[PDB]
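**Student:** Here's the letter readout for the chains.
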Amino acid sequence: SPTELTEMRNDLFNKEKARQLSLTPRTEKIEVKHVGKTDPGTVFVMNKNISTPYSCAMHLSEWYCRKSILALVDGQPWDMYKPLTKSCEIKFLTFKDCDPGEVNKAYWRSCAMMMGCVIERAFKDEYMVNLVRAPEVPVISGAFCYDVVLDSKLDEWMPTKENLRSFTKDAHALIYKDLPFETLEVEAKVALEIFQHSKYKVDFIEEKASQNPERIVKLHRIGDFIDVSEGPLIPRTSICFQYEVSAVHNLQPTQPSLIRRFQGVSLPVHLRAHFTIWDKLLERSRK
Amino acid sequence: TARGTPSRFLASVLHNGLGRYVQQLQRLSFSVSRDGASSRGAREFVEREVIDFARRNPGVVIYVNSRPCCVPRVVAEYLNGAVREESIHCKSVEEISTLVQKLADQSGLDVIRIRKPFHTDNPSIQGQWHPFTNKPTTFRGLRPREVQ
Amino acid sequence: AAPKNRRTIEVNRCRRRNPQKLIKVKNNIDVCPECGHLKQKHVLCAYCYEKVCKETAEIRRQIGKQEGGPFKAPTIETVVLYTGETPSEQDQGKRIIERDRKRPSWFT
Amino acid sequence: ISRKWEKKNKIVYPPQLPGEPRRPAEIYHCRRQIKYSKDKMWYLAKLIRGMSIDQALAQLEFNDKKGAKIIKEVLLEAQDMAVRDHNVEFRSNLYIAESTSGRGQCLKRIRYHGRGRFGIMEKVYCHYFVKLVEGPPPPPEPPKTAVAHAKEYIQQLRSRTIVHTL
Amino acid sequence: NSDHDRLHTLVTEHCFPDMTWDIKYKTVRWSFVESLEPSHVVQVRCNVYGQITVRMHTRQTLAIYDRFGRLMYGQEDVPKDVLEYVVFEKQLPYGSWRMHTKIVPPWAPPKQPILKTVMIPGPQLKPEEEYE
Amino acid sequence: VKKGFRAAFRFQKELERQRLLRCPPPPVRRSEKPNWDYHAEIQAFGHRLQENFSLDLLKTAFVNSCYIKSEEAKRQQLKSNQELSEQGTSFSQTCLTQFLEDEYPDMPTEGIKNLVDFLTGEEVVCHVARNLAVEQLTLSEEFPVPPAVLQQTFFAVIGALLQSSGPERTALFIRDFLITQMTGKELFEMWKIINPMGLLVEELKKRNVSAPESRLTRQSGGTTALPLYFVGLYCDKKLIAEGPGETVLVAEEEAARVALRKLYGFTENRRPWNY
Amino acid sequence: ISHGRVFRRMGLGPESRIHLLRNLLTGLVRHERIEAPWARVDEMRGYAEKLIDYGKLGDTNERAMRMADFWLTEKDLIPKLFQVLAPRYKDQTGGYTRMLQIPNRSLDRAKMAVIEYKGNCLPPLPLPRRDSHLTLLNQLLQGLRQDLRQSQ
RNA sequence: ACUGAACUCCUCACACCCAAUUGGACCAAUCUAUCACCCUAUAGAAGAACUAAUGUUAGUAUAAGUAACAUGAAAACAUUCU
Ligand SMILES: [Mg+2]
Ligand SMILES: [Mg+2]
Ligand SMILES: [Mg+2]
Ligand SMILES: [Mg+2]
Ligand SMILES: [Mg+2]
Ligand SMILES: [Mg+2]
Ligand SMILES: [Mg+2]
Ligand SMILES: [Mg+2]
Ligand SMILES: [Mg+2]
Ligand SMILES: [Mg+2]
Ligand SMILES: [Zn+2]
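Protein chains in written order, with the working numbering: chain W, 994 to 1280; chain R, 2 to 149; chain Z, 133 to 240; chain X, -6 to 159; chain P, 751 to 882; chain G, 25 to 299; chain S, 295 to 446.
Bear in mind the hints are in silico, worked out from the structure with no lab data behind them. Among these hints, one or two may not hold up.
With a straight-line Cα cutoff of 20 Å, these simulated PhoX-like cross-link-like pairs (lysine-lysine) come out [as the list claims (entries may be wrong)]:
1. X:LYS0 <-> P:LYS774
2. X:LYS0 <-> Z:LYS158
3. Z:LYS204 <-> S:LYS369
4. Z:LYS173 <-> W:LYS1089
5. X:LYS1 <-> P:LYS774
6. X:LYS59 <-> Z:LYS153
7. W:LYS1041 <-> P:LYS876
8. P:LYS876 <-> Z:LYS186
9. X:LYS58 <-> Z:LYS156
10. X:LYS0 <-> Z:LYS156
11. X:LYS3 <-> P:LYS774
12. X:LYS31 <-> Z:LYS156
13. Z:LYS158 <-> X:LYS39
14. S:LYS369 <-> Z:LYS173
15. X:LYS33 <-> X:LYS116
16. W:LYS1060 <-> Z:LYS158
17. Z:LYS156 <-> X:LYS62
18. X:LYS62 <-> S:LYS405
19. W:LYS1060 <-> Z:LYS173
20. W:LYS1022 <-> P:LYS861
21. X:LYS116 <-> Z:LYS153
22. X:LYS62 <-> Z:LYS158
Let the sequences and hints guide you as you build the complete structure.
**Tutor:** Right, dumping it as structure tokens:
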């Protein structure tokens, strides 16, 4: 059953979490220096593989926690809740930076993952849903897209306006729940063990393990929902303020199975858009 | 006054009279002074009446402590855990006897306003009144002005 | 007219704890991107403005030293140059104010 | 005079058992004899009651009242001592559990009136107290909804008894 | 137990503030377990004050809590091996031998890591100042 | 300063009283407070209950195993009440079953078992022991005595009474001190049940009676927020029991409960227990 | 009732208001940047713009010279007004002054404003900059713009 | 017909509802004699008892955070201007 699959996937997730935590026992102090433009020269002695950039923001002030979406640990984007590994240089990226492109990409991926969760838990029990991938599209595209294969029983069914609004209501319920984006660097073996059932996710995991030097893969969980991440994600879902599953377009070249691309659009609390601008964005997010 | 004082409902400790009567008083403690006009009455009570009361109330453990004391006292502890302390300072032998007898016959419940002089666990035998008692029923249970 | 009765503490609390009297929470406070200190949305950052005022005061002290006396306002433009800077082609024909410190990053 | 607020930081609790929730830290700080009316200080205290340390500091930094600067200094001192001495891990993980203004020791002066009469000015001084509790600020008491409020009404209806009878 | 009355006679006045200052308002559960090698004197030197250096390689336990009884240093159960160079001093009429100072060599291993993360603020620059 | 001593003494007494009320000391077993003699207390316990307990048996009943373990641990630096408690619990269960079966022959074995469990449960037995002073005379390693230990001690006392005076006297004791605890208690207040309508259907099937027909007997304020529904269960067009409720479902459930009470003979107006 | 009244009531009267604005404007011409109560700066901004216009009118214009003579108490600034400020803004048609709000005066918590003449040599003020075009919302709006352009 | 008191009856208990005035029984606290010795007893005394005198002294409220008060402008805080 899908509930059993989710339960066992979460069990494996927790097993991997505990395994890594035990592999990193005790407390090793790692020096992380704030290289950001503001509050320069500060140094945090942090618990190795336990503390997070969110903990660094907690030390700094509440404004850093509320405004920082990503961390450039040694020039690489790190999720605000990803444990730090070694002494490094850290700079917090917000939505209003001069070049917030990385933050925008992380937000786009997080919204796509939320859409995937909504899609997987939306349909009725009889129909089977397979989340194939979250294509990485530019923000200029006007909509974050998530690719899903629906059942042959529904290959002739197109979501109605009410169905789309129900999807949005589920996404908003998730946002209200405000679940943190848990992250894990998990070896391809354990990733395949978790996602053995989903062939699409199996092959995506294999592709990622081939791309990276080792077989390390990025697993992400909002709640009870685990997915392979193309990159760093948002800390929490409550960052999202406006969210709208806009359309579902059936990809034209679908001989073997009918792939449907769920297109949606969102805006964080920091970047709220007026009602009319939001409506125009929604209109343009249906292509 | 009642509004400026706690109140309770008439009750027993453990349904003290249903099966058998159990004397609620369980402990008496008389702090008395060998010397002192205050405890002359207490000394006379201990000499003459305490033994008779003790044998009359075998269920009450009575302690007598002769201690330097300017105000002799009797502390009564009941089965329900209540503790009542009464000063016998300058009380005659008869006054002490009456006070001790009242303590023996009394229960551990607080001496506060009692809301009702009665307490029934089964107030109704024929069925507590409700608006539909004494109201006749109608054919097919049709409410007034019902078409069908 | 004099009060006819002492006003009770209950009435006084009702009056002086009213929301109309309570201090309102400000929601236009933000963090300045440049320095990270707190500012209001419509108001200039206090820290950055203090920087600018201090640098302006130094430049104005230099200007006063150059002018040397009241009523000596130049009839030509002014250019501020810091250590390691040389007048440019457009800086020609403009009075030069020399500063002993290096060029501030925010100054341009 | 009383100085119990200062002593309140010297209470040492016994070590907690491993299977016990982590006791949140608590820091009592105060400033005595502030040249400011306690009535005026109370407004700022009430303003910052229940808020996080950072939010309270932000609110006070942009307040025109004189007491705002004093309260900000007191809060900064409380944060510093909480981190240094009370083993508070994060500066920002503090919220104002209690903030009140107390009357200080005042001085009496004479105000000269028009016809050889006078009044007694009081050079008012006030104390200021804060308790900083570690952890995120408690959520604001949500307004009671119609569902719960009608639930209360129905409970009151059910609680009715036949009064003054058997 | 914070028995400062006995600590005064057990340690020198130069050592007492080190013994007791930083530990105020926090419970310590220091305990001793069997030593590893027998304690032996190292050297002695000398209005007149005695001085004896004793090297100890013992095994001990720590559990330092907060005002609120929450652990902040060391496991209470797991013991650690401690190498110390303890220097006693004596008054020379009624004085006795009391701990005077612990010599920590530069090559000593780093002590147990702290439990809580810490921050070390950088220069709090004034407006005119610029970070370097 | 005012010369005098009596006002100062009175004020000190008032300050002490207020301090005690604000910060009452931790509870202490009565054994450790002044004016305590264990032998006199146990004799008075027996005489209060009007029963000729054997003193050694009563002492052995009041002593618990945990107390023995704690005492031995302290001595490092006695017969427990296990068997007496077992005997008392067994006899109490059997005798309560006899009482309840005699009083309510129509009560099913399940109902009788549940009533006995309620009467011998931790809450009721603990209340009875607390108000009978068993807790004061209980020897335990911790205070306040936990409800399990208090119940064990109370049943040990019952077993001691059995071994001293006999089954008849012990049955009288049980009737007096546990059967009285169900006075004023409602059948399903003592025996928690689920799906009373289903249970009633089962009972009628056992009695070879068709399933009852739930029918709306009376109604008020149907469309309001405070409705009253009187629902009656009819057997072959004969009313067996009717019950009120706020919703029709609740009224039907309560009517099923009333029908169960009538069938089992545990109605509110049933014959009171005989003492 | 003050419907349509556009001039604040400042100082001790009309003449005192004019003199206060005159002093503020003289300081503005001398220093190219002035801090003053927000209302006074707002009142004096129009007069600053009008002086720039009069300077544009030319040195040889008698009316402009008289206006400058009145409005600049320190007469050494009149050559400055006619030979630095006006040539500086000869290209512009307006908006010669930049006015911004400043944190309230510590003394009396007055609403403070900084007013400067654009293009001065002094260090630039921390001007409020709009959000970067690379933000999420701005990129989405860029997508809107591109789609609309292509479609129509 | 019923309702209807502090009238009357009923169970129990009884000195326990008049201004000025008058008779009487007790008594808080203090000191002294002698007791007592976690607050007292029998007596002898007396600056021996305060919801009230626009009472006296001290404290703090209310009116009230009100009436009322104050610093000409810019600035390099040199200086200049009104
Ligand atoms: Mg005069
Ligand atoms: Mg004016
Ligand atoms: Mg009548
Ligand atoms: Mg009468
Ligand atoms: Mg007098
Ligand atoms: Mg008085
Ligand atoms: Mg008076
Ligand atoms: Mg006031
Ligand atoms: Mg008024
Ligand atoms: Mg006024
Ligand atoms: Zn800034």
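**Student:** Now tell me if each hint is right for this structure.
**Tutor:** Each hint, compared with the structure:
Between the alpha carbons of X:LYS0 and P:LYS774 the distance comes to roughly 14 Å, so the proposed pair stays at or under 20 Å and holds. The suggested pairing of X:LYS0 with Z:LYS158 is violated, with an alpha-carbon distance near 34 Å, which exceeds 20 Å. A hinted pair counts as satisfied when its Cα atoms are at most 20 Å apart, and Z:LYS204 with S:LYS369 qualifies at roughly 10 Å. For the hint linking Z:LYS173 to W:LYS1089, the alpha-carbon distance of about 14 Å falls within 20 Å, and the restraint holds.
Among the hinted pairs, X:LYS1 with P:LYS774 is consistent with the structure: their alpha-carbon atoms are about 15 Å apart, no more than 20 Å. Among the hinted pairs, X:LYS59 with Z:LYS153 is consistent with the structure: their alpha-carbon atoms are about 17 Å apart, no more than 20 Å. The straight-line distance between the Cα atoms of W:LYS1041 and P:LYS876 is roughly 33 Å, outside the 20 Å bound, and the hint therefore fails. A threshold of 20 Å between alpha carbons decides the hint, and for P:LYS876 with Z:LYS186 the separation of about 11 Å falls inside it, so the pair holds.
Simply put, X:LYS58 and Z:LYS156 have alpha-carbon atoms about 13 Å apart, close enough for the 20 Å limit, and the pair holds. About 33 Å separates the Cα atoms of X:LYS0 and Z:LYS156, which puts this hinted pair outside 20 Å; it is violated. Distance hint between X:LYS3 and P:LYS774 is fulfilled; the C-alpha atoms sit about 9 Å from each other, no more than 20 Å. Simply put, X:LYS31 and Z:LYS156 have alpha-carbon atoms about 19 Å apart, close enough for the 20 Å limit, and the pair holds.
The hinted pair formed by Z:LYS158 and X:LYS39 meets the criterion: a straight-line CA distance of about 14 Å does not exceed 20 Å. The straight-line distance between the Cα atoms of S:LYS369 and Z:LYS173 is roughly 40 Å, outside the 20 Å bound, and the hint therefore fails. Only pairs whose Cα atoms come within 20 Å are accepted, and X:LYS33 paired with X:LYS116 is accepted, the gap being roughly 14 Å. Between the alpha carbons of W:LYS1060 and Z:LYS158 the distance comes to roughly 18 Å, so the proposed pair stays at or under 20 Å and holds.
In summary, the hint linking Z:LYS156 to X:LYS62 is supported, as the alpha carbons are separated by about 17 Å, within the 20 Å threshold. The straight-line distance between the Cα atoms of X:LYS62 and S:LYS405 is roughly 18 Å, inside the 20 Å bound, and the hint therefore holds. Proximity of W:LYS1060 to Z:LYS173 is assessed by CA-CA distance (about 15 Å); at most 20 Å being required, the pair is judged to hold. The hinted pair formed by W:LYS1022 and P:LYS861 meets the criterion: a straight-line CA distance of about 12 Å does not exceed 20 Å.
Between X:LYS116 and Z:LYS153 the CA atoms are separated by roughly 24 Å; this puts the pair beyond 20 Å, and the hint is violated. With a CA separation close to 16 Å, the supplied pair X:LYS62 and Z:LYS158 stays within the 20 Å bound.
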